[PDB]
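Given next, in structure tokens, is a single chain: the form solved without adenosine-5'-diphosphate (ADP).
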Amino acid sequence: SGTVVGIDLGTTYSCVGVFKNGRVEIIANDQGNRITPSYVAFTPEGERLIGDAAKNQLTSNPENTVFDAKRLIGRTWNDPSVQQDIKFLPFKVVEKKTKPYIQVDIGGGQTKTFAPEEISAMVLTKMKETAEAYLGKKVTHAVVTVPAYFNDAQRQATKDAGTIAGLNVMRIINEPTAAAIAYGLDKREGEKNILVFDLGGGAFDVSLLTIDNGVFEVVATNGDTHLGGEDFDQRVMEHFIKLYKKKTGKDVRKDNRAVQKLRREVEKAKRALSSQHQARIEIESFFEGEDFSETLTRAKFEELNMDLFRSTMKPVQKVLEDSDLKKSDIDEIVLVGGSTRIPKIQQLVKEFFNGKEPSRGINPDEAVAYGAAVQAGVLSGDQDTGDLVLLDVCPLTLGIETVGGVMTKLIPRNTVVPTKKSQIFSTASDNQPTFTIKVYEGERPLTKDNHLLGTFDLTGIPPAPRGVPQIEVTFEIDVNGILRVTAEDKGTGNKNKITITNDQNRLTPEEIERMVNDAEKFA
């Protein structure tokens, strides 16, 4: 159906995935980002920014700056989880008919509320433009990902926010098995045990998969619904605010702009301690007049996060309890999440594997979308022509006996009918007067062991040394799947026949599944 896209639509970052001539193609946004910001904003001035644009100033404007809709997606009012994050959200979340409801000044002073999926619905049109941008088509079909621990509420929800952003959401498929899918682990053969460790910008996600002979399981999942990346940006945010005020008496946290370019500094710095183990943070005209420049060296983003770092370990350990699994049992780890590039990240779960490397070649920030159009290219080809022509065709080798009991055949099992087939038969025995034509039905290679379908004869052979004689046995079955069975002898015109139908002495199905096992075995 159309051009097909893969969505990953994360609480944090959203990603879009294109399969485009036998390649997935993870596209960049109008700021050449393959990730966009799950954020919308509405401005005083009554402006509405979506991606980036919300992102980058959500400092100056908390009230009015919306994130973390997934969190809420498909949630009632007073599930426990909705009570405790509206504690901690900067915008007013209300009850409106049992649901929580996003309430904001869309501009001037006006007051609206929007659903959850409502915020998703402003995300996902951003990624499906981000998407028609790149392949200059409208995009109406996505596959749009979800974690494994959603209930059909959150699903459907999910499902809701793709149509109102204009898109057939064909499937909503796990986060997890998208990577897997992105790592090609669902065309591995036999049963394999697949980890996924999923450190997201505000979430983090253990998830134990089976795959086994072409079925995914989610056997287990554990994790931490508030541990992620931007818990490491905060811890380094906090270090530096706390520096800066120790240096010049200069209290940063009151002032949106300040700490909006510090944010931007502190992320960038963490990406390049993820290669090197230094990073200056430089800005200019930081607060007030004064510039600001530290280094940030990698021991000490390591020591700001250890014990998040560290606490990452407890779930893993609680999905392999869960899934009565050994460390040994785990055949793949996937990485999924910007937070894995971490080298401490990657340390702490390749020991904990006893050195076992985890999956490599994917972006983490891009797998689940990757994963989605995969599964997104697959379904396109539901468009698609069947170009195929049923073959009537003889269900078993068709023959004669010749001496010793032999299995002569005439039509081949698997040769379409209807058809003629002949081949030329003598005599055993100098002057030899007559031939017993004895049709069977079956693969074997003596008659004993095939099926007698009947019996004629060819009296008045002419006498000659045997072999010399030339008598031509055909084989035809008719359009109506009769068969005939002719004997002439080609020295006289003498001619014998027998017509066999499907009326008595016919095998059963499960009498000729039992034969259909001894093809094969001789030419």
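Numbering follows the first chain given and starts at 1. Only the largest set of C-alpha atoms that superpose within 1.5 Å between the two forms is called the rigid core. First, how it differs from the form solved in complex with adenosine-5'-diphosphate (ADP).
- Once the core is superposed between these two forms, every option in 300, 327, 257, 171 stays below 2 Å in C-alpha shift except 257.
- Taking the rigid core as fixed, one finds a CA shift for residue 455 smaller than 2 Å between these two forms.
- With the core held fixed between these two forms, residue 43 has its Cα displaced by under 2 Å.
- Core-superposed comparison between these two forms: the CA of residue 60 exceeds or equals a 2 Å shift.
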The other form holds:
Number of protein chains: 2
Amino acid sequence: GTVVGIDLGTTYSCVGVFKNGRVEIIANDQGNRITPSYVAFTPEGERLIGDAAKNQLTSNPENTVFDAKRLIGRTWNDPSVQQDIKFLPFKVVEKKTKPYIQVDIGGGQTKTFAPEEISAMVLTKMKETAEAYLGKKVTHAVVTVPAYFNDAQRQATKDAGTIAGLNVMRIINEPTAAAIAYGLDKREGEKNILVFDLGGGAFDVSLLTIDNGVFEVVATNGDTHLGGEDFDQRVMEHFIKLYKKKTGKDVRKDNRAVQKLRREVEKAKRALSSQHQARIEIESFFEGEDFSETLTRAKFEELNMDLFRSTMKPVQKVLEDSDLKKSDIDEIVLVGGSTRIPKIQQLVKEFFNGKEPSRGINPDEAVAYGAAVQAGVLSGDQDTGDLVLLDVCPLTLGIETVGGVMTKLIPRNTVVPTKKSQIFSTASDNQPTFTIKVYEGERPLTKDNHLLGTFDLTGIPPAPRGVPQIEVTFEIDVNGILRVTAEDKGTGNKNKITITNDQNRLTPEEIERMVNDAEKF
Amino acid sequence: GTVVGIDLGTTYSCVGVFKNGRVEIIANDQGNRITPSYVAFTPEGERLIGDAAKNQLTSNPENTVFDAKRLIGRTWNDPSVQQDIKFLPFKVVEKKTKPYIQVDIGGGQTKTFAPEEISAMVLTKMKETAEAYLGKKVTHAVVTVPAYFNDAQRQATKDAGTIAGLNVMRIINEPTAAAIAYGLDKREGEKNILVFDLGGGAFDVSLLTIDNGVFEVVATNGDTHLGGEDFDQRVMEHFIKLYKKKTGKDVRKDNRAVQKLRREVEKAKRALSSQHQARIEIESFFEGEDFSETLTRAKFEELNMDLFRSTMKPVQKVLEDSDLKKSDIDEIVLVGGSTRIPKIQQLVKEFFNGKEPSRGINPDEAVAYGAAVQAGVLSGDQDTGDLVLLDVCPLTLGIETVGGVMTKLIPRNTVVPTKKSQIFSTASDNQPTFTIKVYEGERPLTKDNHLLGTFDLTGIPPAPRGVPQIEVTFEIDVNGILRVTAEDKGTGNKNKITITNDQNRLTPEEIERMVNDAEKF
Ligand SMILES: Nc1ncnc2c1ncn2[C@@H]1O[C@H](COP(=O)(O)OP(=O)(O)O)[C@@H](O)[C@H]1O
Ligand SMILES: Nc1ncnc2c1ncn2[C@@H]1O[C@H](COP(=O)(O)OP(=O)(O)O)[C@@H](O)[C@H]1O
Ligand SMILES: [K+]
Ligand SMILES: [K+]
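What does the same protein look like in the form solved in complex with adenosine-5'-diphosphate (ADP), given that the last one was the form solved without adenosine-5'-diphosphate (ADP)?
Below is the entire complex, every chain and molecule, led by the chain shown above.
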């Protein structure tokens, strides 16, 4: 059917579709063009996906699942997994050497989910978002993954899609999808593309080359634990301390309160990408006490400046790993919501001596956008080939006229079988004979063409030069046999040659060389 | 250099060479195509090899050495050795558990020779025979051994050759060499070959199978003390008795006289394979008395009939040991001089219910002949490989034309890199668009082939169907990357796809299955 493009993100997922000449990024049933990569199991046994899972206020953070993408396709003893489980608030356990997420699904009933089963639930939500917009079933998808993902990680992502009811036609790299969204695949020459992807949870820098249709990921770097959520956490520590100082109320260890503030902090952060002040207000925040503070851009930047500056080192490293200078970068692509932060845009522009990044696609939708473009191309796989093969003459066929001139009867690329005729005459008064020399080739003089045969037409009646009309006909039959006739239209006197393939057939090497001189005259 | 084939025989040795398309069996300096496996040390300290050693009249048979092949590669306490030394007229002694031949080499000076040192002297004679014919040094040989020879016996034979200055490239079995001489290796199916080898000293019957290039020796039997020399000895006992009766002269215990008669008896025996009477005459045979008797075939047969009949039991035994019936024998190969005896040929033909043996190679040269054929094959080991590897397209590449038809642009096994083009047109009047679907596979309909990608060519100007000329080009570059272009030759409007290996590459298992349908159309 119609193929969708899905950005299956660490913190947010996005679905697009190429429809009626345009990429549409599809809003979910909450009206959001991105969906949290979140699943929550309630004590009553209800399952929440997306905004409802993330925005769910609970005193128990242990049955809310996120960051499945950190675990997908990995073994338990992967040092990345052993690091990650330390900070994840839900239980991760080993079963037959693989990490499983352990939750209470209802009334103390424990279940273990594979990371790809959690991601399958997120992809089900993205599928349904697309199905609501299109008003038809979605069966096929292009799904993106980080460039550094190995085969096990790509297959587990495929498996997530399969479980969600999607035929995952292609897994493509996130930075490549962003490049495709910006049309950078459709350009001539060797271009160097720096993709700077600062999302909610991770920072990924990729050096891609585009050369004559081929994308190569040359080098990757970044920080797997640096994203927008770390900036939120700096604002959080600050406002928790400030609230404690102003009211004596310590909101830490009350998860419900932490969630309400974190959500307001995240909205304020986004506002500070457009303006220099933002109000955080929560009516009855903590025991009838309202929350009311404002955050300046300067304070937001001050609380995070070390984290913002740290994004430049991975850029430096991919440049040296790709053996490129700053000036060798033809294209800067900003990906991820956090690239909307003016200080981040400033730090990247300054690093690249004032070079402007690509602009026009929302940075948190660009990967989904590129996936949707690629999905559009692959939806054409069910089209029908509406081409007819033509049988054509591979070389110009003609005769020698006075001065050793190649006079064409059947131009190269004439559809065969065919019959073509021209009228010829005498070069001298009372000329009694014609010699018809049949040539193959594209050169204007027959000395440079291939002789196929000769015959005479005798008994031309007396007349002044140019008066007799001799019709020369070239006929190629359904068997590709060439027959040449010369007939005196005055008398009906005629002669013919049948030209055979035997022993005076050019090799396809010889033909290619002759075809080089085609389209000169 | 040129490799020779040597039959190192119990009683006679034979050397051949594959030269200028033919096996030549090489005559020695006496003009004989076989050479006695004999060495003699004269009282004056001269060493004789071949005909000169055997034909040497002496009153001392103790310093003439033969039958080294009975001892080669064996231990002193081998029951075969303990049996054999009883009848051998030269001294055999034990040194460090191995049998040595002890002779007077000159003036009462004793020397002990390893059996392989005696065989090395015979192989030196065969090497020199070959060198005289070729007029160049012979460095390499294939040497034959009985099928029943163990590793020690094969190595001691190799060692004999090494001592004689030969690189013994291969030791091959006598019956296999005879089969090879008769071309029985170069035939289809499973064939059963009975090799009947009656030489001067031993009888060997071998059941070989030939199956798809592989020879197996399935069973062997025979009699190690039954050969032409036993037939000679029956004629000898008869004529010694007859001479004693007619003259009172007893030639026994006069070795010189015994030798002269034995030599005449052997020539008469050979004549009786071609005619039914033979004259034995020796002028001044014993004290001025001439010898003059004739021998009939009937008397020769009568004196030996029990020995001739005894050759059938070993044939019976190899048939039951190989679990075959007479009728299962596809090929009878007669080897050894004694197979020229008509009564022996008759007994074998009758045993096999009138089946004809192989014919055309002298039975006493057939083993050398096969060795020479094998030598010919191994002389090719110093040739140079004059092949160039081609880089070729493993599967047909093309596009879908109307009706879901696979229209090839690059046939399977086209040399790459390459560029191939065909001309296509519209299926309908004023058709505005082409869809180019790029397929890989050998099947005539693209539903059964592998889709590599699709692209469109838009903006085809109005014309009647079949009039526009769209050139489709398939290009495989030095990196094996496929690029497909479609260009409207009318306008220069064109589009292109670059096809990557990633995620739509067939497995070598899938390719093999598709290649099964190659060469159908
Ligand atoms: N205007 C904005 N200013 C600052 N951060 C933003 C803005 N919009 C979104 N973000 C942040 O972007 C992050 C999400 O990144 P995104 O690219 O959507 O996906 P992912 O986290 O899956 O890579 C969150 O931390 C979010 O707060
Ligand atoms: N025409 C023949 N008739 C009978 N016996 C023959 C004939 N030619 C050769 N022989 C015998 O063949 C024997 C030699 O066998 P041969 O195959 O040459 O080698 P080997 O003894 O080494 O196996 C001798 O006994 C010789 O007399
Ligand atoms: K995302
Ligand atoms: K022999």
